[PDB]
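First comes one chain, alone, set out as structure tokens in the form deposited without this ligand.
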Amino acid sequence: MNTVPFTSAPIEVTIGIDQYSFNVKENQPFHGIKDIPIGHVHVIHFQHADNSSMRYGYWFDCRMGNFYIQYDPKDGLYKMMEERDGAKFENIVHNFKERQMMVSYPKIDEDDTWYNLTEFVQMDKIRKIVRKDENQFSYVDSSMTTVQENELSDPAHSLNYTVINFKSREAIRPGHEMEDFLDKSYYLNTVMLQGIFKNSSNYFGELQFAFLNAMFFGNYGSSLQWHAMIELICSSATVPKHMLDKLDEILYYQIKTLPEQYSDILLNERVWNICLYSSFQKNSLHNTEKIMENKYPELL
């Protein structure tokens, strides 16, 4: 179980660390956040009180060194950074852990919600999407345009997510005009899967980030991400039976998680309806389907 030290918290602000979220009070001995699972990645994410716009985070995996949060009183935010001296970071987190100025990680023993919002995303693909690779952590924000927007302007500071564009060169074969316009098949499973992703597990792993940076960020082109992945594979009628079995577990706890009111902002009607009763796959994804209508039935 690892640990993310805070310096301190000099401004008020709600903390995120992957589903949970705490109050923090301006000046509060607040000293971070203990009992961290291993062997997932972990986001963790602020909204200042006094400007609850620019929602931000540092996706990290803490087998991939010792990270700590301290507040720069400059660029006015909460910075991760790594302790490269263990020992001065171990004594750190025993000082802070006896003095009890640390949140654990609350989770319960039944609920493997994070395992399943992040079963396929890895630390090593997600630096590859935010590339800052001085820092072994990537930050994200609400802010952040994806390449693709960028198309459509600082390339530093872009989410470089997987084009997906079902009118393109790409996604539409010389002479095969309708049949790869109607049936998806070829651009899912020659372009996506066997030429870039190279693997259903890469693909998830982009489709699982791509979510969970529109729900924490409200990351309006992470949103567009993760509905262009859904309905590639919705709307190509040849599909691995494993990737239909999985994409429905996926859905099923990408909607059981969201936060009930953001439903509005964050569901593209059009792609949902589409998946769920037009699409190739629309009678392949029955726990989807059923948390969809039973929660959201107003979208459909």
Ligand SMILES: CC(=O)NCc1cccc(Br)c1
Given for the second form:
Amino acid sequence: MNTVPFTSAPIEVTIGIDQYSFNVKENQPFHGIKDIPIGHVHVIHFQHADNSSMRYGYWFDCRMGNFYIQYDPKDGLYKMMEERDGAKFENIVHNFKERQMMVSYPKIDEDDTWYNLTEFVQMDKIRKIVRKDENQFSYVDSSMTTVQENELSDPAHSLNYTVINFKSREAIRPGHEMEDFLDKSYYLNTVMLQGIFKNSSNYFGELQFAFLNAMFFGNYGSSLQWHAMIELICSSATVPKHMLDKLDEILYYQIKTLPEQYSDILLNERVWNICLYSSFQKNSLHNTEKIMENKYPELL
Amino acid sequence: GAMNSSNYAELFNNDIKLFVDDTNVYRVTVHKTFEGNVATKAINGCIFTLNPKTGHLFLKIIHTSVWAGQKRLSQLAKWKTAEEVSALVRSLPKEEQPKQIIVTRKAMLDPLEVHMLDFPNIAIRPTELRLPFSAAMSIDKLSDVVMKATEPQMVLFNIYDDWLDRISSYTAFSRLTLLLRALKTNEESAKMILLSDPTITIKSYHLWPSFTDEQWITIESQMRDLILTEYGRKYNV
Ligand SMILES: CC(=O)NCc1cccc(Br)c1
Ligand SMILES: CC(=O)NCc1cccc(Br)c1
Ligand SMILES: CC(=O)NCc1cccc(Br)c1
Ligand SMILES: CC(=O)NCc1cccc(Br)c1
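So that was the form deposited without this ligand. Now I'd like the form deposited with this ligand bound, please.
The next block holds the full complex; its first chain is the one shown before.
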């Protein structure tokens, strides 16, 4: 069980760690979150009380180092940093633990929600979308745009998601124009799976990461990428059966975890209705269709 | 964006463009089978690709053979249309390729867009206008060549005959669209009008009678009457 200690909490802030959130009052005695399950990637995210604008936070894996949060009063935010001296970090953590100045990651023992949302996310892979190689953790906020978004301004601060464009020469073989546009299996299986990702795990991992940036940060470019990667499978007549069954689990937990009052924006009517009711795979997403209809039947 | 009433004059500026109409590409007669079911028999079709500035009609005849063994023919038709227009553009020298192609039905944008990925600088545009190019098969010479064709074939006609020698392209396009609108609302009347006077002949290399300026005025008026009229007999007004 690992720990993200906080030097202090100078400003009133809502802190989120994965799907959990809590309020910290300005200068409340608060020195972090303990008992974080090892073996998954995690996100710690922030929304200031005073400016609900800008959600931001940090993807991280405790197996990759000792990380802590110190507020920076110059730049105005809770920064993640690495402590290189293990002994001194352990000692600081221990005193905070003994004074009980830390909240506890509530690992429900029946609950596999976070595992199911991050099964294919990795920190070596996360750093290929968010580029900042001097740190082992990755910052994301609501305003970061994607590479493709920039094609349609600062490249260093972009989300380098895998560019998907259904009306592109990448997507469309000369001579198969109608074939490849109406059945996207060549682009899914040959260009994307075999060519770029190498395997469906990699495809699923970017899809999972895309959704989680959408939900936690309201990152529009990620929402766009999540839906694009869904739509590419849903629009391929030919998808390995294992990939379909896994996609149905993946979306099920995505839809189950979405806040009820945010579905109106983070869910694209056209893509979902197409995916569930018109596309090749309109019959392959039983769990996802069942929960969508029992929970968000308005969108459809 | 879309072409409409407000940007009508752009058709007659000096940027090359083409109208594509696909409404006559897939044509059928619907009939009954021996068992009393209904089946279709395809007949030859055409694509209507028109430079509104010069009058040039690049008529691609669509021979019923292209459908043989194919499914979802109304959907293939749009793609086949798109394939043929892109081929025509590829065939043209660069200084003769359109800068814009305006499709008369929105369902043609994605097919044409995909077929023209190699031409990113050609704008593919819908229109809000209810243009009457569907009636191009009411022009006898046009209809004749399509129905006689035994193989795929591209046929060329100036849809303006020699009008440009006397009137502007704007005026020529308006005449054409009034002629075609009349033909679409009442083909019989429309044609009776065009041919009532046996002394006005249609030249071998023209689609329309050799009216004088003053005979065109009369003609153009009678066509307006028809379109209003039928709009009465169609709305009891
Ligand atoms: C402030 C200092 O002595 N070191 C930074 C730091 C290290 C580890 C945990 C925390 Br919380 C702060
Ligand atoms: C939602 C739930 O079970 N607990 C919320 C929570 C409160 C405080 C700290 C943390 Br970590 C999580
Ligand atoms: C290099 C790359 O983006 N691969 C896909 C990917 C796999 C796993 C997790 C993530 Br996040 C992205
Ligand atoms: C339709 C018509 O009379 N066109 C003139 C013409 C002839 C030959 C090539 C081209 Br481009 C246009």
